[PDB]
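Here we start with a single chain on its own, the form deposited in one PDB entry, put down as structure tokens.
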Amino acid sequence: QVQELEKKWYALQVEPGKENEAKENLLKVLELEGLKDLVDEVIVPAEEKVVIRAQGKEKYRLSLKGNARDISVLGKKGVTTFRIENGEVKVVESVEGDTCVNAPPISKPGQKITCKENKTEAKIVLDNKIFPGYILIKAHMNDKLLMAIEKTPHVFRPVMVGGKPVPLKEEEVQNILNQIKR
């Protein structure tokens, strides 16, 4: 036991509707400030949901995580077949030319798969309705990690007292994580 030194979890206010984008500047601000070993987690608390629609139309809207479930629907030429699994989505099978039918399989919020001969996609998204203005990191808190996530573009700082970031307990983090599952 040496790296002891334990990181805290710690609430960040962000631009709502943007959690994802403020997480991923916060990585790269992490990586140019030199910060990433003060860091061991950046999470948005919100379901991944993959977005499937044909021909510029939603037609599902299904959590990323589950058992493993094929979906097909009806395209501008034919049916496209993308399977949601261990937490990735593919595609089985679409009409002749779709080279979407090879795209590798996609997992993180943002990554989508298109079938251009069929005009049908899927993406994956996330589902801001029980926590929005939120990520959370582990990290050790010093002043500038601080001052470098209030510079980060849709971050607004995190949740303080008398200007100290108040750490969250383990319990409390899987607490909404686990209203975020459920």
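Positions refer to the first chain, counted from 1. Compared with the form deposited in another entry:
- Hinge residue for the rigid-part rotation between these two forms, picked from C115, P45, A148, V155: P45.
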Given for the second form:
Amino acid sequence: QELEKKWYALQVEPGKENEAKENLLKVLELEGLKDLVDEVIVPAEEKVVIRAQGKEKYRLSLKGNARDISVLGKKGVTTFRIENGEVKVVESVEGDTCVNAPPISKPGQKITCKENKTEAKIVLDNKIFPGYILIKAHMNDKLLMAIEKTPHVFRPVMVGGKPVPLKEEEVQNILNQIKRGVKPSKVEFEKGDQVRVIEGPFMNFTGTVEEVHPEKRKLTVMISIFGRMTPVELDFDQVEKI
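Can I get the form deposited in another entry as well, since the one above is the form deposited in one PDB entry?
Left out here are the partners and the other molecules; the chain alone remains.
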């Protein structure tokens, strides 16, 4: 078989992750190291942002099934097509030559339709761990020196003055993290739930949840103070379902 490569987190200048990646690739070329590296990734998600006369209309993942998107501009309609990680103008108003513009595929890139006043640009969103890029490679001294000599790159994460490998799962999870649509913080507590106050002056009294407040972690509980129904504001952590 073939010797497997490992993942390593590099440390680079925040906000220039894409630049550091481009820089690195170029350096791998000149130093004849390209074969030691199978991947260079910026922990983020590429997205297409479509605008119409200043206003943002859409923000969609670059990756996905072929999709067409039409937007009303000044003079009329412009339709963009996103497929195979590229974006182009399918058709725009009379006069817009953007329809001939070659498809874009990299962050920072853009196609503008001056007539319809429409445009689509590739950007990066969900960029967690800014100031880091990930490379799958076969580490060695030359590669290291090359990484360190690359403009906008500091050096890989060092443990014992030596690059430290990441687990495939760690990386995969990071990538899965990058691109999922963060559902609600669970739904423990919903109107009607019967609870017992476990902390504070209302401790041991029971009642029912009248209104939840997920974005504040508080509840409006109608507490039965021995029949004397009293609505009280409590924190999720000072009551218990029952």
